[PDB]
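**Q** Listed below, chain by chain, are the residues.
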Amino acid sequence: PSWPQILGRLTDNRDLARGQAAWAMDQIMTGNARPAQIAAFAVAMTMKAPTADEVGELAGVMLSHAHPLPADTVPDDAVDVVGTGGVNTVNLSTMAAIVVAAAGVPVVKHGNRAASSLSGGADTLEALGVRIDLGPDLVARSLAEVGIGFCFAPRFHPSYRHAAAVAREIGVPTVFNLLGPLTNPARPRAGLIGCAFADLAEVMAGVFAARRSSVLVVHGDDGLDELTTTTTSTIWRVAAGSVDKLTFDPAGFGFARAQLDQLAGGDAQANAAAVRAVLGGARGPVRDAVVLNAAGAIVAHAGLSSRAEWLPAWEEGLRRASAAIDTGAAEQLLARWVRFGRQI
Amino acid sequence: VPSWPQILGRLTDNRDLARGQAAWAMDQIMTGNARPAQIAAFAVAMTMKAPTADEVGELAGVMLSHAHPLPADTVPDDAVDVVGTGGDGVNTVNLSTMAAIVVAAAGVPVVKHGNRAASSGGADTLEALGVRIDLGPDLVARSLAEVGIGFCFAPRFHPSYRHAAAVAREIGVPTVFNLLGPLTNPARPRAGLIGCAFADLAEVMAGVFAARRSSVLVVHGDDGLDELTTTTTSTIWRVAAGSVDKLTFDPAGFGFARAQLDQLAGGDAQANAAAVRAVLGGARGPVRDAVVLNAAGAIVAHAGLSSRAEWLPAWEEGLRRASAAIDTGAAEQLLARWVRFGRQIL
Ligand SMILES: Nc1ccccc1C(=O)O
Ligand SMILES: Nc1ccccc1C(=O)O
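Line order of the protein sequences matches chains B and A. Those letters in the first sequence? Residues 25 to 110, 113 to 370, per the deposited numbering, in order. Those letters in the second sequence? Residues 24 to 142, 145 to 371, per the deposited numbering, in order.
Any given hint could be a false lead.
Derived coverage of chain B by chain A (criterion: at least 3 residues anywhere in the stretch with Cβ under 8 Å from a Cβ of chain A; other residues may be distant) [to be verified]:
(1) 32-38
(2) 56-63
(3) 68-77
With the Cβ distance kept under 8 Å, some of the chain A side facing chain B (calculated, not the full set) [as the list claims (entries may be wrong)]:
(4) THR35
(5) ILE62
(6) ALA64
(7) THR70
(8) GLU195
(9) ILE196
(10) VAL198
Read the hints as simulated data drawn from the structure, not as lab findings. We put the beta carbon where it would ideally sit given N, CA and C, even for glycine.
The shape of chain B in the complex, shown without the other chains:
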């Protein structure tokens, strides 16, 4: 394989042969690709439209260079809650993660300080006083003692540094933005995974299907990279190596239609302020979206070893997510997470 051959193939709008994405990504991860080559590849792959096989190779090679968590420290039924980027919804996924954990589902998240290739989220967490830059042993302790952990992308994926510098220099989202959810170093087997583009959502669902995974890959039909409350969403429901694609409408559960501007995030501080209000009981469109997506992560979680059917799973998910907020469990778990970070 070679760069001229792989880039020529992509610029001719052709899918790569098996192994070529892996080769390129391995060159990128070993420091052997020049910044222009990295950029050429990211852009051409994006514009051809990557396939599920191509993205599985990129993600798999990247994972092979990553630091794992210590053996048998990630509970088997841990979940992730994340979007690949819009505008963004770090507000919504951060809050949903905290609520899911407060409902008793172990959560392991993965991200970087924005505007980053592997999703943001770390900034907002820092602004809440959470300690984001912890190493495997302590993320593991966090998970066992608080029920949630955060894997800081720069410490678990040091070899991704060359890709990430290119991603920053070019500014525009590429195929690399799909990698965050697919390269969580804790390897959770369940999750709610949002994406801003329907074709790329389907591609991610194909990657998760080939893993031992119970995941809802979600795309708001307004462009949101989470389940939306402004209209329908499309969901690629992934289990047992298959995909059940469906149109989802939260009006079915009593959610009023909101406006798009009402859901979008802000900076770290605005996001922290919003986390505090929602976890404190403030009702409105943001809470609703948080409850919707948390329930979504819970339904994905139930798919790992529950027999429960879609609608009953959703109804129980909504009840558990709401109760985690209304009982103060979410507020308390966030306080407990902050405490854990300070108590080192």
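With chain B's structure known, arrange chain A with the ligands on it following the hints.
**A** Below, chain A with the ligands without anything else, positioned relative to chain B:
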């Protein structure tokens, strides 16, 4: 307002740039302010999007504003270029070098523009023949005036393009940057035979020349050659007086035999030099035929600066003028005069 996220986002979404965006990107590239990653991302995105004539005219215009000019009134008004944008992984540099010699020998001033090859080429072959290729503006002008031909060495006239050129080499694949050689000839000839390996990009190039009111034939071999082929038919965009006629072209209607592609190609410096010596020395075959065909196209384009003459008799007179330049010895002699001029510089 322009930024790399804005421009790159627009291109990756398959959208044409807004007016002024391509110019801004090129100015960043030319001043050294673009990161290699931004340069590569731009070249690749623009290529897969499919550039427009407007976008390419902005790129070329900015590049030219950074170039070194030839001195005032040293370039004949009716000078021509003969060049292709790079064969589709197939070497046709030999042809355009020979055609240029033959065109100049027919009395039409020729000013070429290229680099040492695998980076437009042609310079390596000329060096192997004894031509001094790396000369400053005054000496190119004097070459044009005393010999009737000159060569603008790209690294000399376009030094601020080195950032882009390093990126183009690093990625290997052809991009929109490959269209720039013929559109940034520092002598700014107003006529030419310009070959392109891709039909869609040839048509784009013709729009840029049309906008400049150049008299050009942009040519695409229907076998993918960036030159008029004898292997099959060719598409030609006839550009004169700001408008563009697209035509099919069959060399068989002038009596030319069908050749094999493997015949019209050939490798490195010393073998290309030997092929030039043979053709100018009068050897017949497909190489001579392709040379005569392309020289004739340049002569037709040159005529288009004056006349808007009838197509077929323009070509017959061009084919005759090109054949005679060889068979009189005028072409072999012009090459000798060119080599002699270079040796007088010391
Ligand atoms: N996103 C990353 C992943 C790994 C190493 C460095 C980075 C970085 O932010 O530069
Ligand atoms: N092709 C070129 C044109 C101008 C300047 C440098 C180069 C170069 O090869 O580095």
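**Q** Indicate, hint by hint, whether the structure satisfies it.
**A** Evaluation of the provided hints:
1. 32-38: n = 3 at 8 Å, threshold three: holds.
2. 56-63: holds (count 6)
3. 68-77: Our answer is that it holds, as 4 residues pass the Cβ test (under 8 Å) against chain A, meeting three.
4. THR35: 6 Å, holds
5. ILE62: Check passed: Cβ of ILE62 (chain A) comes within 7 Å of chain B, closer than 8 Å.
6. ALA64: 5 Å, holds
7. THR70: Cβ of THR70 (chain A) sits 6 Å from chain B, so the hint holds.
8. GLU195: 4 Å, holds
9. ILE196: With a closest approach of 5 Å, the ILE196 (chain A) hint holds.
10. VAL198: 5 Å, holds
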